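Have a look below at one chain only, the form deposited in one PDB entry, in structure tokens format.
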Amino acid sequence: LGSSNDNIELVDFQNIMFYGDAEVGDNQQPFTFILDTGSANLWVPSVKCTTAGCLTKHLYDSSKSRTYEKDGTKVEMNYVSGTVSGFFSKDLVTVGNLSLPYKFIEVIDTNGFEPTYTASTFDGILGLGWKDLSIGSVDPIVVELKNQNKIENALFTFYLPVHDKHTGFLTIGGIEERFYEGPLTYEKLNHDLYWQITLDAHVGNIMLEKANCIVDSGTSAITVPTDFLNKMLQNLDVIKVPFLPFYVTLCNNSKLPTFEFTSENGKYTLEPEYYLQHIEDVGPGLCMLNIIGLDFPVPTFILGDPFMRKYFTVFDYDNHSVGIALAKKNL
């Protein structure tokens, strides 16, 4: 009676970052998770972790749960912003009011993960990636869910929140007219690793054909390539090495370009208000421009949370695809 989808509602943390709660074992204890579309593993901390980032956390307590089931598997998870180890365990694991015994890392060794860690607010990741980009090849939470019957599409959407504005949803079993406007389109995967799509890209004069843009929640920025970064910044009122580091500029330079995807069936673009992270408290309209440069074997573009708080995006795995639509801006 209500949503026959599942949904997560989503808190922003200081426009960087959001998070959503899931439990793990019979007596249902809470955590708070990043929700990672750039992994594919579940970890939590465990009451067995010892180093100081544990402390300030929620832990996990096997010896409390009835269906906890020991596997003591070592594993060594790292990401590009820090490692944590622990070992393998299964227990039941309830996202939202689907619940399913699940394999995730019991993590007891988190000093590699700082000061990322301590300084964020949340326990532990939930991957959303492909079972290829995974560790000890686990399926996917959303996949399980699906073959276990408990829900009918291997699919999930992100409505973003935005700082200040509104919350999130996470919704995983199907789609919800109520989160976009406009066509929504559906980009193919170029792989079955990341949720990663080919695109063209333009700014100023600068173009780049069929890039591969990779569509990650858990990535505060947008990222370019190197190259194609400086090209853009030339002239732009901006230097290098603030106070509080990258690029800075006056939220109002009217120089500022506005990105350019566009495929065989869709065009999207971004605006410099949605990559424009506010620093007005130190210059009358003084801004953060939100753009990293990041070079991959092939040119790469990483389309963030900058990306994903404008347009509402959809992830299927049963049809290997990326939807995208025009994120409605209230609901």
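Positions refer to the first chain, counted from 1. In this text, rigid core is short for the largest set of C-alphas that superpose within 1.5 Å between two forms. What changes on going to the form deposited in another entry:
Once the two forms are fitted on their rigid core, between the two forms the CA displacement reaches 2 Å or more only for 280 among 271, 264, 69, 280. With the core held fixed, the Cα of residue 163 is displaced between the two forms by 2 Å or more. Once the rigid core is overlaid between the two forms, residue 183 does not reach a Cα shift of 2 Å, moving by less than that. Relative to the superposed core, residue 245 undergoes a Cα shift of 2 Å or more between the two forms.
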The other form holds:
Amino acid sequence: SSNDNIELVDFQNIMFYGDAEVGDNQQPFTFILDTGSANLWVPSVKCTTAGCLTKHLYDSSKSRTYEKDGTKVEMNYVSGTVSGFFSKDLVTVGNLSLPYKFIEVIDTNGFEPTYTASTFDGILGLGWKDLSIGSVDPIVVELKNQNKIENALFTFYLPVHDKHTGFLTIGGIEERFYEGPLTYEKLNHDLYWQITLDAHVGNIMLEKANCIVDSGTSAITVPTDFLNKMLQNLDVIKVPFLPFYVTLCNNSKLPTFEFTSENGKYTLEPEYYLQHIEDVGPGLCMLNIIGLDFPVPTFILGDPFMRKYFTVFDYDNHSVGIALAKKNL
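Would you mind generating the form deposited in another entry now that we have the form deposited in one PDB entry?
No partner chains or extra molecules come along with it, only the chain itself.
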């Protein structure tokens, strides 16, 4: 195809990963491909933490195209912190490469045990420029500016456990990934891939909610008050002292998420947010839903939403395209 494709690998049906390389000798890494952030980083050989020793590491000395920056930098994620300095080298994604600014992480201890538990080496942000630390132009925009792709856009077709692999496609929209109408939602900020949707779940309704499409989050998140009201009398159980909700797997009262705009309507059935714990009798399940409050009431449409819906991230048109993902390729 005319486009750039990076294969997405499924990992336990909740997170997915893809590979990319740094250096002219193309040192390989496994990344969370993250529309929810906007910085690229890789752990350095100069990182000597226990976590780093389990990872693929970046050695600048083995790359002839490496150029020094050294500006100190600290990334603060919700989970925790990685710190290091900026560096510039050739970044290769699929069959395209470009000189790019990224973070060499030298310290990983403030990001444990998350980092060691996970199978990524680093994170490759895919958000907008103002979301990045150090104001780094997004890779896809740069690739567009350099006429290495036709459009400044990328698309996610998520993998499903041994049924099909997935693709991050850079440069154009491929009809093989979706069926039915492809609908566009204008961004309400050039920051996250964030759009405005009315959110209906059951008895509760929130008009014009902020919805962030986030491939770097494996849950759906919901405002805490909304989540409370959502589950009342639904035979869902809050686990004491933990943030988890648990239910019988055959619970017919489990509601379907409904997100609507003037342009389209998207729904998410229990099938996409039920996690099976033990399939004894009626079955014990856990909701893949997290209560979480932002200054503005916000839904985070993470991987479960994207597993049902093929999504298009269009820099040129400042919008998110949504369509029903094909069940198989």
